[PDB]
Amino acid sequence: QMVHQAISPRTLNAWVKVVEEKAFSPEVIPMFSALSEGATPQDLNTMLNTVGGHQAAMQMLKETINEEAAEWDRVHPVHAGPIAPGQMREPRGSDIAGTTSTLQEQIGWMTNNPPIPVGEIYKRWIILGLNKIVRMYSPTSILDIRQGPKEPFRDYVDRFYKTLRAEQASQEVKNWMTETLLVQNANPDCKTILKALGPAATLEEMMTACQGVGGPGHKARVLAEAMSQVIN
Amino acid sequence: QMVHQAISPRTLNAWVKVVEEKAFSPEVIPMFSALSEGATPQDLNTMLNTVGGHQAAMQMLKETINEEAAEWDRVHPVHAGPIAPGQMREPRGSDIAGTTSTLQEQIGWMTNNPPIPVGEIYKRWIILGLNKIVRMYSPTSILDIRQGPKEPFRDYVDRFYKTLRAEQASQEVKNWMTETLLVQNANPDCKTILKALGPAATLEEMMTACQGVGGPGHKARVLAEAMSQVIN
Amino acid sequence: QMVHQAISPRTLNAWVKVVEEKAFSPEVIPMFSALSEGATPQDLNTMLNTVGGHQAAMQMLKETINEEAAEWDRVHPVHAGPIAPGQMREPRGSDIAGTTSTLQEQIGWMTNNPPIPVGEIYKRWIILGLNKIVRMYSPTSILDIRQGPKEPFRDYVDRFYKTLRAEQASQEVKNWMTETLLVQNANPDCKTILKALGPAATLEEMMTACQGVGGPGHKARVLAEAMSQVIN
Amino acid sequence: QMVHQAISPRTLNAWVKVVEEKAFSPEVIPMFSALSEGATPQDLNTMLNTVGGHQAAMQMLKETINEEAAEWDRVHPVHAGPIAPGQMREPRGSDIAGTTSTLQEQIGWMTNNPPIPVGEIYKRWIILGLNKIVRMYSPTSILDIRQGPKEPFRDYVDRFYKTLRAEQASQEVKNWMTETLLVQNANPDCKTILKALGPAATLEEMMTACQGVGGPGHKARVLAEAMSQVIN
Amino acid sequence: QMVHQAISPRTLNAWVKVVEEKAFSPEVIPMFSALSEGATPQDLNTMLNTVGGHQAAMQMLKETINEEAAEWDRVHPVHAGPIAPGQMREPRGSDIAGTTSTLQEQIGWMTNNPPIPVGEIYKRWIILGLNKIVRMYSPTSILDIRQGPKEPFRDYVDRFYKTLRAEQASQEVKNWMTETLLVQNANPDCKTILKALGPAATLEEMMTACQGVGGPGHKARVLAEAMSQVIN
Ligand SMILES: CC(C)(C#Cc1ccc(-c2ccc(Cl)c3c(NS(C)(=O)=O)nn(CC(F)(F)F)c23)c([C@H](Cc2cc(F)cc(F)c2)NC(=O)Cn2nc(C(F)(F)F)c3c2C(F)(F)[C@@H]2C[C@H]32)n1)S(C)(=O)=O
Ligand SMILES: CC(C)(C#Cc1ccc(-c2ccc(Cl)c3c(NS(C)(=O)=O)nn(CC(F)(F)F)c23)c([C@H](Cc2cc(F)cc(F)c2)NC(=O)Cn2nc(C(F)(F)F)c3c2C(F)(F)[C@@H]2C[C@H]32)n1)S(C)(=O)=O
Ligand SMILES: CC(C)(C#Cc1ccc(-c2ccc(Cl)c3c(NS(C)(=O)=O)nn(CC(F)(F)F)c23)c([C@H](Cc2cc(F)cc(F)c2)NC(=O)Cn2nc(C(F)(F)F)c3c2C(F)(F)[C@@H]2C[C@H]32)n1)S(C)(=O)=O
Ligand SMILES: CC(C)(C#Cc1ccc(-c2ccc(Cl)c3c(NS(C)(=O)=O)nn(CC(F)(F)F)c23)c([C@H](Cc2cc(F)cc(F)c2)NC(=O)Cn2nc(C(F)(F)F)c3c2C(F)(F)[C@@H]2C[C@H]32)n1)S(C)(=O)=O
Ligand SMILES: CC(C)(C#Cc1ccc(-c2ccc(Cl)c3c(NS(C)(=O)=O)nn(CC(F)(F)F)c23)c([C@H](Cc2cc(F)cc(F)c2)NC(=O)Cn2nc(C(F)(F)F)c3c2C(F)(F)[C@@H]2C[C@H]32)n1)S(C)(=O)=O
Ligand SMILES: C=C(C)[C@@H]1CC[C@]2(C(=O)O)CC[C@]3(C)[C@H](CC[C@@H]4[C@@]5(C)CC[C@H](OC(=O)CC(C)(C)C(=O)O)C(C)(C)[C@@H]5CC[C@]43C)[C@@H]12
Ligand SMILES: O=P(O)(O)O[C@H]1[C@H](OP(=O)(O)O)[C@H](OP(=O)(O)O)[C@H](OP(=O)(O)O)[C@@H](OP(=O)(O)O)[C@H]1OP(=O)(O)O
Ligand SMILES: O=P(O)(O)O[C@H]1[C@H](OP(=O)(O)O)[C@H](OP(=O)(O)O)[C@H](OP(=O)(O)O)[C@@H](OP(=O)(O)O)[C@H]1OP(=O)(O)O
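Residue numbers (UniProt numbering), protein chains in the order written: chain A, 141 to 372; chain B, 141 to 372; chain C, 141 to 372; chain D, 141 to 372; chain E, 141 to 372.
Calculated directly from the structure, the hints in this document are not laboratory data.
Ideal placement from N, C-alpha and C gives every residue a C-beta, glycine not left out.
Check each hint, because a few of them may be wrong.
[To be verified] Residues from chain D that face chain C, not an exhaustive set, calculated with beta carbons under 10 angstroms: (1) 207; (2) 253; (3) 254; (4) 257; (5) 260; (6) 265; (7) 267; (8) 275; (9) 317; (10) 321; (11) 323; (12) 325.
Required output: the full structure, derived from the provided sequences and hints.
Structure, rendered in structure tokens:
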């Protein structure tokens with residue numbers, strides 16, 4: 141037969157925009173519940189594959205799906221023997237998840253009498269994964285990258301640029317983030333030097349200027365400055 | 141038969157990441173060319189539907205595809221007469237674009253003898269559209285929203301928030317953009333008042349303070365201050 | 141039969157020069173796409189084996205190819221039974237990647253009716269790997285090796301020479317890099333000592349001169365110098 | 141038969157615009173590869189013939205194509221002579237490039253069973269040529285035409301006007317280039333005289349004024365001025 | 141039959157790494173002799189085609205191979221008459237070089253009774269070529285580009301950038317090379333001006349500042365300054 145509730149182009153685009161705009165806020169759960177209703181496991185897998193970024197969250201979702209597939213296998217004992225020509229094989233957990241089943245098999249299960257709604261079962265598994273992501277997963281934010289009090293400026297710059305590469309933004313916005321947040325979120329010891337350097341300093345100049353922060357000479361210099369302020 | 145070069149989960153995710161990270165920089169043309177080789181028009185349509193945002197760009201792409209389909213229809217004249225039972229209908233432009241053709245028909249055209257590579261024809265049409273986008277389309281940027289010299293502060297705030305809603309960023313990043321760019325990119329007449337308000341000013345207080353800029357009272361007051369400087 | 145699109149000597153040399161000149165900049169993706177079109181998986185493997193250096197990137201590419209081969213195996217079920225004498229075995233994921241297939245088998249698949257373009261499928265897998273490399277892989281640079289603020293000079297020298305051995309350069313250029321960058325990219329505490337040492341100092345004398353930096357005596361001496369400057 | 145992927149008017153116009161806008165930046169390689177897919181060698185030659193200017197680059201491309209045709213002829217031995225009435229002659233290197241083959245022969249090769257993708261082979265040869273151009277060819281720029289320290293002003297003017305005639309620009313832009321760059325890019329010895337002449341000076345007047353630069357009289361005069369400054 | 145000593149992926153990669161790391165130092169001769177032993181002329185040609193850069197060296201090697209092939213043809217007289225059906229044609233010099241012989245013919249010669257080791261003969265020819273390269277070929281070096289005493293700065297800059305384009309380095313290393321060596325290896329007359337310009341000067345500003353060096357004005361000015369020092 142045919143699946144009447146196969147996802148339309150606008151449904152897929154709406155799901156993509158939901159993920160891009162809201163990330164994994166709780167709002168994602170109702171949206172996925174409504175956009176994916178009636179769809180085959182193949183359509184749900186398409187929707188899950190359209191998620192860009194958030195690799196850790198997607199791995200969490202995959203783990204949850206695998207656990208639910210194991211639970212399905214536990215509850216449904218394997219039947220051994222020759223299947224009737226009219227009948228078809230009973231779904232397994234991987235069949236529900238669509239890893240070991242074709243679209244035709246999923247449609248056959250969904251449109252059979254009695255019907256096995258593999259799409260809805262898989263949808264509930266995905267919802268469990270999404271709930272776990274919403275509770276547990278925290279996406280990386282370039283706004284959260286601050287230099288530690290004893291962190292070398294080079295390591296902080298490396299973390300900043302890694303997070304910026306993972307950041308969802310336009311290249312112009314990422315350039316503006318580099319120009320604004322990197323110096324601002326440095327620790328006070330490095331920030332003093334960076335401000336003394338001037339606004340026109342390049343990254344190499346900034347990195348050389350802070351290369352000694354925490355070394356013997358810089359420690360002695362700041363200690364002597366504080367002691368001189370005290371004596372005066 | 142079956143299509144061996146149907147897009148895999150990783151192929152679709154790579155396309156999604158390419159669009160999210162590069163927007164419509166020229167790099168999008170090779171990637172789409174390489175990620176979509178040998179795919180059916182249905183897979184191409186899926187890839188196009190996973191593009192979030194850039195609605196004007198997608199409208200441009202659709203116009204280009206429609207014009208290419210019209211060109212195909214002009215080149216291939218429709219032949220009147222019943223098709224042979226072992227033969228299938230010759231594709232029209234809409235058939236290549238995937239609008240009026242099913243996946244089975246596309247596979248039949250691609251795997252026939254002689255083959256009609258509808259996927260590759262549609263790929264070239266999409267590449268023409270993408271080239272037009274890369275040449276002529278410029279995405280909206282929150283960094284580009286600046287108050288006009290005579291523009292009311294309300295209108296500028298409205299434009300800023302519309303562009304922010306359209307911006308591809310996390311909610312925390314969007315909040316930071318609101319806290320940073322809105323006052324910064326205001327015109328000097330509003331910006332002096334906004335600075336006089338102080339950092340703690342809310343949006344409504346900021347908008348009330350600038351409500352009279354350009355009115356008779358504000359014009360008279362600034363002229364009076366300037367002539368106070370002059371006749372000092 | 142024969143493969144009409146086997147890579148020519150100039151095609152292979154062009155690929156080698158692309159890798160040597162641009163490393164894994166995005167330009168590598170279109171170039172590989174155009175140089176390898178119509179080639180057997182054996183030719184693509186020949187092209188991949190000519191990449192000198194970038195071992196981590198090539199391991200990434202191999203992981204991507206293995207994932208795509210697993211996806212192929214998942215989508216193509218194994219058929220058990222006696223193959224027809226006029227027929228050949230259906231390609232598996234390793235067969236497309238060329239690990240478990242011979243050049244004759246690849247040519248037979250590519251030139252059969254219906255054809256299985258194993259070269260094109262493998263090319264898309266390699267393109268996915270190259271896209272991952274372009275996005276995620278960053279080659280080591282001798283210019284990026286700087287001494288940490290608390291790093292011993294000997295450890296920094298070891299890191300510098302390891303990176304220099306990995307660097308793509310002529311031996312004369314590498315000697316010039318040793319003569320220019322090693323002292324330049326040392327931290328301020330070691331740089332002071334190295335500059336006081338003189339331009340004729342050897343590597344052993346430089347390591348001896350900086351051997352005590354961060355030790356108790358050096359710390360006391362720099363502290364005393366700072367305090368003396370403060371008292372005076 | 142007929143070629144389904146024959147270049148459309150928009151495809152050819154896009155190729156022309158790509159060449160006009162980007163000259164031979166790396167971007168030309170993907171665009172060509174995308175615009176020329178599935179086309180006959182005749183369409184490829186039409187695409188190549190629309191390149192205006194860059195004659196040296198076109199010559200390099202022709203040399204690369206001839207080299208690839210020679211390689212093809214080396215790999216494919218010439219048949220004995222008994223051509224089957226139902227079969228057609230096997231293509232040579234010149235047939236792949238379309239110099240000695242007609243459109244009908246190219247279509248026959250492309251649509252035959254087994255197929256010989258003469259268009260794609262030729263496209264690979266053209267891509268090799270374009271890669272050579274991108275790597276090696278540098279277009280002449282009016283911005284780079286500067287007078288040598290001992291170059292006569294007449295010779296520099298002649299070089300400037302030759303380059304300007306070769307430059308891609310409108311006549312008004314060329315006139316503005318003449319009014320701006322010619323005096324600006326002269327050597328200091330001629331530039332001083334040109335500045336002393338005044339903005340209204342014509343080309344003939346400037347050329348007459350600089351006719352003596354480097355001669356014994358001008359050298360003696362400039363030396364005398366320098367010595368007079370020294371004595372005073 | 142089959143060639144048991146066909147080059148493995150690691151053999152080819154080792155040869156590529158040898159050429160990239162050692163260029164044509166004498167170490168290349170043993171390495172090539174060891175990696176290539178027992179291989180067909182086709183494998184030898186692959187290894188030679190994987191050499192990027194050093195085009196003059198490769199031309200020398202090709203000339204040496206052609207002369208050795210001529211020597212082989214002189215020593216082995218061509219015999220007129222039909223070859224025996226069980227026998228194969230006797231190799232010519234081009235057959236040993238692999239230009240006019242297919243892989244099947246090479247394998248047939250190497251595995252015949254008595255055997256003709258065309259691979260070993262070709263290897264000795266290549267060794268002669270590599271020896272000629274090691275003795276007579278010196279690769280271009282960016283470190284060797286120095287401005288002549290009265291070379292115009294523009295010509296020296298052109299030479300520097302051509303050599304830099306030919307240089308085997310990463311783009312970052314080439315940028316650093318431009319930042320360091322170009323001013324450093326200018327002649328003293330231009331170098332004084334370049335230092336007077338300052339570190340922030342662009343290439344166009346440097347070319348304008350040195351455009352007059354060697355012209356009448358600059359010669360008179362420097363002579364006048366020297367005479368000022370003398371008559372001081
Ligand atoms: C052809 C088509 C119709 C299809 C299909 C199709 C079929 C099956 C599956 C699949 C479903 C369920 C399980 Cl439980 C496993 C499994 N279990 S296992 C042995 O432990 O790994 N494997 N698969 C791969 C299988 F089946 F192919 F083997 C699956 C997918 C998933 C959909 C999915 C994506 C996701 F993110 C998280 C999920 F929970 C499920 N997509 C992938 O898995 C590929 N992926 N994975 C991960 C990650 F690791 F981060 F989670 C990532 C991807 C990514 F999308 F690239 C993206 C960056 C993130 N799609 S179409 C048009 O969409 O291409
Ligand atoms: C079921 C499935 C396999 C399928 C399919 C499927 C089938 C056909 C088409 C389609 C293709 C070509 C043309 Cl030429 C037309 C057409 N020509 S017409 C009379 O002028 O409108 N109509 N269609 C709708 C048709 F065919 F249904 F009639 C099409 C699509 C397109 C793919 C596409 C997306 C795109 F962005 C630009 C394109 F050029 C083509 N997607 C849509 O069209 C929906 N869309 N449109 C637009 C816009 F208008 F902005 F461009 C937008 C969307 C959006 F994705 F929401 C996104 C915000 C942007 N997908 S699946 C798993 O992928 O869901
Ligand atoms: C004879 C010939 C025609 C052939 C062939 C030939 C045949 C197969 C393969 C191969 C292809 C695909 C997979 Cl998926 C695996 C696999 N999968 S596995 C079980 O997990 O390891 N193994 N192979 C080895 C196999 F098949 F032989 F078993 C492969 C290769 C690869 C080509 C390749 C190179 C590459 F860099 C990255 C790739 F993704 C694929 N070359 C190698 O792999 C050897 N290599 N590997 C790595 C690394 F580890 F860094 F990635 C490195 C090399 C290196 F080249 F030395 C270089 C330093 C880097 N070539 S010829 C003229 O070319 O000599
Ligand atoms: C009927 C029709 C459909 C056709 C065809 C048609 C057929 C063949 C060829 C051709 C193709 C390949 C080779 Cl390898 C040779 C060859 N090899 S050879 C013995 O060394 O000269 N000769 N030809 C002439 C041949 F075959 F006709 F004899 C060719 C062309 C080329 C296409 C081409 C253009 C190009 F720029 C660079 C190329 F590599 C290939 N166009 C020309 O060559 C004319 N050209 N050449 C050069 C230059 F020298 F600068 F590169 C220039 C032109 C120019 F366009 F004027 C432009 C200023 C530059 N077109 S159409 C479109 O006319 O209506
Ligand atoms: C298909 C395959 C199995 C094969 C083969 C294959 C077959 C033959 C040959 C060949 C061998 C010997 C001679 Cl004596 C001649 C010849 N004699 S002649 C009439 O005077 O020119 N011609 N050939 C071309 C022939 F045979 F096609 F006619 C050859 C090559 C050579 C191998 C080679 C490379 C080399 F550097 C120096 C050599 F001495 C020999 N590679 C080329 O020639 C292409 N090349 N040439 C030169 C240069 F000119 F600089 F030396 C350059 C290249 C380059 F690689 F691009 C690189 C920049 C340098 N490869 S595979 C997988 O490897 O692609
Ligand atoms: C009589 C005078 C008024 C004064 C009073 C005394 C005097 C003084 O102290 O001023 C002693 C120094 C001299 C003699 C001047 C006169 C001028 C000359 C002269 C400027 C002459 C032109 C010559 O130039 C050339 O030959 C051109 C050149 C490029 C070198 C070439 O052709 O190769 C040079 C060599 C540059 C000299 C330098 C010596 C002095 C200053 C004298
Ligand atoms: O007590 P110490 O044995 O002398 O330890 C010191 C000291 O650590 P203490 O807090 O225990 O005193 C310093 O201070 P902390 O950072 O750990 O708070 C620390 O680092 P800093 O000097 O940068 O502050 C480092 O001192 P050093 O920089 O010399 O490594 C360390 O080791 P030392 O014994 O070598 O001084
Ligand atoms: O000074 P240059 O820029 O190099 O050019 C030359 C050159 O001088 P050099 O010795 O430095 O090369 C000539 O040679 P000399 O006599 O000084 O040895 C000299 O005179 P001659 O040409 O007669 O030999 C004179 O050349 P000119 O007669 O043109 O003045 C001079 O100046 P120019 O740069 O103007 O040629």
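Hint by hint, which ones does this structure get wrong, listed from lowest number up? Numbers 9, 10, 11 and 12 - these are the hints that the structure violates, sorted from lowest upward.
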